[PDB]
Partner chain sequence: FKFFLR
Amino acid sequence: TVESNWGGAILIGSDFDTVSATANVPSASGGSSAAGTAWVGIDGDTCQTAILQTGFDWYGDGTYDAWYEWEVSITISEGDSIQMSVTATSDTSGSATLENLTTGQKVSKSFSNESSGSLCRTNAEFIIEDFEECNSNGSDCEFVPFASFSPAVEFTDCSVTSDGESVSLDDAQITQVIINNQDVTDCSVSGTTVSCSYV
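Go ahead and give me the chain we just looked at alone, the form solved without the partner chain.
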């Protein structure tokens, strides 16, 4: 039973522009069906009409993949340093960028005229998540088994902007992935770092 699927820091405000940070790719275990993901994004918390996000996944069988969303796919390896970033130029346009830094690869995606859902630009976040997997049309959805990972996934040089100005993570709310009434992450904040250890 997954009670909380998000772990990390969530900032609440207005006119959020850019959210970015660099995260290390951890080693994962627990089998091919076990997984986890690390991403940065805007909205999706108090703003439930849309979510601009980009990040990467790790599976218990040693594999990884990258994605963006308002598509999946750069090659990712354990230990790589990934710089993630999303920008919302308006409530219906923006961009998502992922840069491996270690391999020198980089992917980017520009969005515009997004009608299927607008942003509010009121939530900014750095998250570690036990994501869902759906199918059978759109009915059956389930949380993937949560993979154990190490070392801790750290979002360093975290950066949040609103109205062009910088916003610290000092007043961010903190959440933890919780399964079977047990914290499975220990995410904490400090300076410009959001550090999440698997538990």
Given for the second form:
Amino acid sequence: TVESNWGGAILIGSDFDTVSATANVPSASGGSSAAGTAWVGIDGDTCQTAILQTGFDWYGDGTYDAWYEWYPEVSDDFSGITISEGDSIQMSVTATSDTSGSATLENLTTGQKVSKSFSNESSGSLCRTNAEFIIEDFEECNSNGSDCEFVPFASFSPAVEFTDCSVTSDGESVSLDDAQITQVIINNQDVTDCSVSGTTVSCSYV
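Could you please show the structure of the form solved in complex with the partner chain, as a counterpart to the form solved without the partner chain just displayed?
The next block holds one chain only.
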């Protein structure tokens, strides 16, 4: 099954404050339930207690969803925005403390913009030691967070690309050159081919 569910760029550091990028909405197939998503966030890799993140997902039935999440709390979909094949989505998160922050999703194609703020989040605390641009095989569980299943990973195209990637550690821009590269791997085979070049993280389906 799924051995590696994250594909993209992961920076390992400390005191990360902001992560932002713009990404395009691809088309997807593979069945009604197949899915995939693109997002930006802080923590979730070496730091497992929490994740500040936002992005959009895609399903094989042609549907889409823009969302935000403060893991370990369940994610939530945004109501004032639409996601359509080809749209360009500016996404960004800002951690203001280990328990507070905000997420913003802007559809540069439809000019729509949604946002969410977080304060005194008790579920979990950020370590702010990870920053990333990811394409993920995510999961579906019950409200609680148990009985989970990874969703079938939808094939997609064209390659989803994170552009104008920006990260800051205490106000200072951080180099995307130290970033680690991961691939979504299923059954010990890569199903993504992600790569970094300049300020662009590019991932295509394999």
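Positions refer to the first chain, counted from 1. Residues that one form lacks are left out of the comparison. For the two forms, the rigid core is made up of the largest set of C-alpha atoms that agree within 1.5 Å on superposition.
> Upon rigid core superposition, which of the listed residues (135, 27, 33, 63) is displaced by 2 angstroms or more at its Cα between the two forms?
Replying inline: The one that moves 2 Å or more is 135.
> After superposition on the rigid core, what is the displacement of the C-alpha atom of residue 93 between the two forms, in Å?
Replying inline: C-alpha displacement of residue 93 between the two forms: 0.7 Å.
> In Å, how large is the CA movement of residue 163 between the two forms relative to the superposed rigid core?
Replying inline: In the core superposition between the two forms, the C-alpha of residue 163 moves 1.1 Å.
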